[PDB]
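Colleague: With chain B fixed as given, assemble chain A onto it according to the hints.
There are 2 protein chains.
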Amino acid sequence: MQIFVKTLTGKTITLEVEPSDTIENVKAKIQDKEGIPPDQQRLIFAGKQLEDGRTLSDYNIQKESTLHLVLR
Amino acid sequence: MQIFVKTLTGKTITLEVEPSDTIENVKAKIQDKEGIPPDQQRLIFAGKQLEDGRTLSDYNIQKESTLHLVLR
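Residue numbers (PDB author numbering), protein chains in the order written: chain B, 1 to 72; chain A, 1 to 72.
Source of the hints: derived by calculation from the structure; they are not laboratory data. Heads up, the beta-carbon is just placed ideally off N, CA and C, and yes, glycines get one too. A few of these clues could be false.
[Said to hold, decoys possible] In silico negatives: residues of chain B with every beta carbon more than 10 Å from chain A: (1) 1; (2) 2; (3) 17; (4) 18; (5) 21; (6) 24; (7) 29; (8) 35; (9) 39; (10) 49; (11) 55; (12) 59; (13) 66; (14) 67; (15) 68.
[As the list claims (entries may be wrong)] Listing some non-contacts, in silico: residues in chain A with all C-beta distances to chain B over 12 Å: (16) 14; (17) 17; (18) 53; (19) 55.
[Claimed, not checked] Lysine-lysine pairs mimicking PhoX-like chemistry, simulated, CA-CA at most 20 Å apart: (20) 11(B) with 11(A); (21) 48(B) with 63(A); (22) 29(B) with 63(B).
Next comes chain B alone, as it looks inside the complex:
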């Protein structure tokens, strides 16, 4: 399924993922596309910070869901 990630600068990125994909895997996909190291990235969905040891399905993230990316 496709998901969207918005940046602090107003950019939107589209990613192809599976509900069984891990958050760490998602961060890795972002690194590949934007060059941002996973340790400097924070992912938020519906006001909650997503953990690297959990999956998309655990957060009930559905197709065309939009995640927010924060930089540290």
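Modeller: Relative to the frame of chain B, chain A by itself:
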């Protein structure tokens, strides 16, 4: 002066502040508006995490500056 705070969901909040306002005071203003407890909020500006014991002027935050809010 007015400042802007963006959320992980893409929402933008406008706040009225003074350069002498403390970060803790700013968090308190956000709590009043969004109901998010200050202990669950992280404020970032120009890539730096703002501390509760410092003021806006210390970070050279000027009118119409945009801060980023992160949830924990």
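Colleague: Hints numbered earlier in the text: which of these fail when held up against the supplied structure?
Modeller: When the structure is compared with the hints, numbers 10, 13, 14, 15, 21 turn out to be violated.
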